[PDB]
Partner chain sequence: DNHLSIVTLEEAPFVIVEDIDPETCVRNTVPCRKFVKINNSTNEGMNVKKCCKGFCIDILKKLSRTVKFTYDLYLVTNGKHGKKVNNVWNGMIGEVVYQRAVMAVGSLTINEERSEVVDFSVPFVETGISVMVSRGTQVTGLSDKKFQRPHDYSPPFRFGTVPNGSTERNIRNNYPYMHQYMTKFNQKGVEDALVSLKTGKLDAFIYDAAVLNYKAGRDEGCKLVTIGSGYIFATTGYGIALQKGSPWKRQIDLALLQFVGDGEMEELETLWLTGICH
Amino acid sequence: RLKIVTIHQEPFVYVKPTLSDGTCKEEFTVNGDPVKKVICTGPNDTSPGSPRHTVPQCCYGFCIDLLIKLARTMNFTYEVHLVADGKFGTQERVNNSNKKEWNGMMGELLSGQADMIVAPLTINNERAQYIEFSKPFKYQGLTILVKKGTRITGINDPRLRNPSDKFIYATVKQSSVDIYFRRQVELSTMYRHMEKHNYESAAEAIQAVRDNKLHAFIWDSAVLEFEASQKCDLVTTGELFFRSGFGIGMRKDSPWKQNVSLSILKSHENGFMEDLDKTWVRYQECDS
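Please write out the structure of this chain alone, matching the form deposited without the partner chain.
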């Protein structure tokens, strides 16, 4: 029985409380079919100062549908939890030593706290040195979320290249975004500005953009284009860098990998991923 680890990230993974009775609210998709919901245990409260608690919650979204398809196809049982530190996963020196460890879903996978990461997880070489990825289940990139009426030319935008406190930008801590900017020597000035303003989660950075507390949020286009398309006040701008995929994550040399990739290939071939897009990504006008 596989331990699935995932992370709150609309529209791939919604996270909601159970009802009083421990069930999940009965909901239907835009097409009228039941919304599939799985119990995921994890931290409910992340707001600093208040106690944390690991409780049963309700999970659904692109990635949860994808999990259910994988489980049925490949005939496995699972249980799902949210990553305890709330993070995607970067490699960082621990305990003020020279020893390095992965945080986030990365670290949980490596430690055996999870067996499979099922999430909008960016594929790259840094992470590929430690784990294995499926073939992409979704192709995407980096863009920028801003308030309507802002446009950014791209990575050479002066507001990015020559920063001031008049235009604040950030991303999420312990994401591959933060590391890419950390490592690229040509992006040092951007990194140094951002390290001061990064957020613990996407949700928080997004709220900051809406509340005019952050001017620009650098993040996954698959997420941000969904967010911008459902919030009339917010738009995307810029296509930074290169294109990138989301993959299932598994430990090196895992017996799962081949059949997971095969299952994702089928879903690219047969219209299932497109059906998921018509359910979770593009289906109505902005109303938030």
The other form holds:
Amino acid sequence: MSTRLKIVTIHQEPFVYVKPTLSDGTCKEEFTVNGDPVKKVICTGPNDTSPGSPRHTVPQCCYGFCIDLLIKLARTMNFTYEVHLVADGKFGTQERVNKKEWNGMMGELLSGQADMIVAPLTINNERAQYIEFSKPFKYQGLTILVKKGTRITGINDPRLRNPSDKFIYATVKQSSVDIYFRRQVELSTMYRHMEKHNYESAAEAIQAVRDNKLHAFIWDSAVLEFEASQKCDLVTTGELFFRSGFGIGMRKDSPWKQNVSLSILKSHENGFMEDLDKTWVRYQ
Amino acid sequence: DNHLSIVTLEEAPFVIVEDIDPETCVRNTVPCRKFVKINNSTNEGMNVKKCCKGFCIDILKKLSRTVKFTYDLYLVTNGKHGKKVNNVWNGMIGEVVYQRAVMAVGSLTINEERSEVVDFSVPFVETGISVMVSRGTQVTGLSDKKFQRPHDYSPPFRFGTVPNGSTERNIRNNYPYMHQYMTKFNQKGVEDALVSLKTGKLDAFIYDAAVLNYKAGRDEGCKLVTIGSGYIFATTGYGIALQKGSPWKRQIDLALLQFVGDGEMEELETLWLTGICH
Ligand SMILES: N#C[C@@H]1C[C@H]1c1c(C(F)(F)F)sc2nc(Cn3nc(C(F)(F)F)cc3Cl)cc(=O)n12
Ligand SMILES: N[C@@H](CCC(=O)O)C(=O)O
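Next, report the structure of the form solved in complex with the partner chain; the form deposited without the partner chain has already been given.
The next block holds the full complex; its first chain is the one shown before.
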């Protein structure tokens, strides 16, 4: 007897921050640079991130560009919601089991575990085949994150195009970057090097570039540019390749799909989306 | 129901119109018709056979092939892109709304009010609102007090747009004062606007980002530039407009995302949009 929307998100700074709750089950009161209070939501999710391990669901605190967008969408469309973090910690790809199955947030949405995906989820042909994407709430692309000093021209650098156990580069397992390198034959040499060194999450891969375990990390520029502007020991190299958008994920039968997109269009047109970029991305 | 009526509108480099050869359409051009009136005291007119090429036309050719449909392309003669006058849509949007066209292909900006009457495809070109000025002009962007409060300056900053499109609509909705001040600087089109800028008759030209970026990248002497690193306000994209609940939308969305994935899209940007100025 619940018409409350189940929302699935993923930890991905600066879009979704995931911090523990205070001893009393609430979120620490915080403030933006403009003195406004940081809007936070309780997001349930696993504490043990290890693969093939039991998942003990715990309440956590969620905030960021995607949470502010969720709150705006909820107020505008007059719906109630509940936020949980993706049980397996993945964005989502279709993998062969004869049968093919979607994992991550894609898996959760298609199974009815989630009613909506509110995360930096890339719009691509593979996912658009099974789910409805809203109009983009962010246009971005792919770039490389290296340690300051490491010199690369871009995707057309022989240290990448001609791989070797000398220069270890990767992306995130079961993500859109993973789908991109796999579908394109033009990048099969790169993909085969990558598949052996891919990380479970972007945070892990970003720390690996810091703890000298990874040389280059191919990922979303919205995330990477933000990370390079915060951690001055890391810099993004090259321009942008495979320019892509992030959209809200729903099932093809959702009675919200039209109003979700109109709301995103309004927010781009009235400066609300630009304000989110100001508050969460365009700083330091 | 494989032969589709499709509307377009001339806007270089997206859609380029040409006269037919001495006696059909050659090379990368596709046939496109334009209804031309006999006189203005009549409704009588003739469809002139013209040829169409450009970025958006190459996108049409790929969709026609991938999505497997044939078409009859025509140029809109009622409005331009789309304006709601007294609740009646004109331009390319009107053609789709009143079912004279199955789809509109061109430099058509996706916006909320148009989305209420037509279905749009995924955006295939990033656009929005940019500001073109002579290199060196000191303006922060649309939010600059030179635009927002123009009479606070002596003499006041001179700026206009090409009215009746998505840009003016957006300025009308967000900056009421700026909008009512700008209307005396309304430009008949992009070409007039650039001439007024180059001849010191205009200080800034506010318009579609993708068109302004193309124009600065090809400016003779690279004098005219877009503010910021060619910055985009109210970021949006061009989309193919389709009738509401159209069966063609699914196939068209997947093909476009396929074209982006495959590298087919970057090839068109190289072929039509790249410039000399940087
Ligand atoms: N998805 C997708 C398509 C493939 C990617 C894409 C373009 C591509 F060149 F790749 F064809 S150009 C582009 N602009 C925006 C900019 N944009 N457009 C909107 C609008 F559609 F909502 F108006 C909002 C924003 Cl940001 C978003 C976007 O995703 N894309
Ligand atoms: N591309 C715009 C026209 C140009 C503009 O007004 O920015 C539109 O579809 O209305």
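Numbering follows the first chain given and starts at 1. Between two forms, the rigid core is the largest collection of C-alphas that superpose within 1.5 Å.
Core-superposed comparison between these two forms: the C-alpha position of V35 differs by less than 2 Å. Core-aligned CA deviation for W256 between these two forms: less than 2 Å.
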